[PDB]
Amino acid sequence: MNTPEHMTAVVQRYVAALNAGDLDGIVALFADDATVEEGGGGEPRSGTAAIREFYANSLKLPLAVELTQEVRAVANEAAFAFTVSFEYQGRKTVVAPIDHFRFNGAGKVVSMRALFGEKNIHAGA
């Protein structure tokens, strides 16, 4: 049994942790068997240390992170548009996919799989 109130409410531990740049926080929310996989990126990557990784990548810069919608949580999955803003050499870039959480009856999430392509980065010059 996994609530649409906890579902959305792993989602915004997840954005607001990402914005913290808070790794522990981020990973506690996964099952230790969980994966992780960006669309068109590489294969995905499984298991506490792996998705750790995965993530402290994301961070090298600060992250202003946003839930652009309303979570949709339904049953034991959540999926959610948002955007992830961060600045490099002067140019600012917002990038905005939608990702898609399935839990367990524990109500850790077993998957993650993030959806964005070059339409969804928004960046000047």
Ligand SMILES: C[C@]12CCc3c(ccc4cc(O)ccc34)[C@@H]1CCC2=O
Given for the second form:
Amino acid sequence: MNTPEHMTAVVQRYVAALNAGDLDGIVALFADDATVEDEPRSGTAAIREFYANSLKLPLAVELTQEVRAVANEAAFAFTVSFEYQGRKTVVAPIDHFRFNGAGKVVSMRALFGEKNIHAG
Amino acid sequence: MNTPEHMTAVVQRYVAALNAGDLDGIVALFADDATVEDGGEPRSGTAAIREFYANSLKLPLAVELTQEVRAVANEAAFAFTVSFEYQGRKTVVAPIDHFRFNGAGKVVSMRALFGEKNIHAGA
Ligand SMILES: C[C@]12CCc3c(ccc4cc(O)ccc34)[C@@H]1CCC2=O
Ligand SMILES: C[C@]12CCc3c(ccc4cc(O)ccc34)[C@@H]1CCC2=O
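Same protein, the form deposited with this ligand bound this time rather than the form solved without this ligand?
Entire complex below, previous chain first.
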């Protein structure tokens, strides 16, 4: 079983690589067979493309509370903000990571609905 | 598909029911065949869910949603605190819960996610 310390550090590395625009660094956290979701995309190529599309605009990302890490899972509340064509948007999801035995993320699901997308 | 408004209302109603010690009001949110799981198997069906919540309600709880609900498709996730005190010693737990809903708008599964670092000794 993964340690909560390890899963928590991975969530912080994920947030860090988003803020730095470090696409390599994001993908390196995932397993070769991981899926991502927010069409559920799978495998390294599809994952890289998912994140490359997100990172067409510079993202400001912040964990807004402590991470919840248990068993082989972590859930975390956060914001992701971007500014383009004179408009700032702040999206407030909750993300859930599942991890494999080797400590890599095998699934991420970002949960948010319309009321969690704020155009201020 | 469920509305996000309905799901969000249900999360709020769940919080309120916990604060009011309203056991039947909590159980009424769930489908007949729902599962609960917290942090060696899920509890399944009405009697087991009732027993799960009756045991939680042995101490007075103060539950607060600490951020907006996330609701989408047939699911909702939410951040909150649960605060209780036993023999003068206070605990604040900070979980994230996830509900799945059936087509009738009842909860078919609740998972509560929290670890040791999410259990805070002291008020
Ligand atoms: C997908 C994502 C969460 C949601 C999200 C992101 C980026 C831009 C978005 C734009 C939206 O209109 C709605 C959601 C997002 C994040 C980038 C990393 C991540 O976890
Ligand atoms: C199970 C629960 C979330 C976690 C939790 C509750 C109550 C007492 C707790 C005590 C703990 O040491 C750890 C977690 C809980 C809530 C009751 C309602 C709910 O969803």
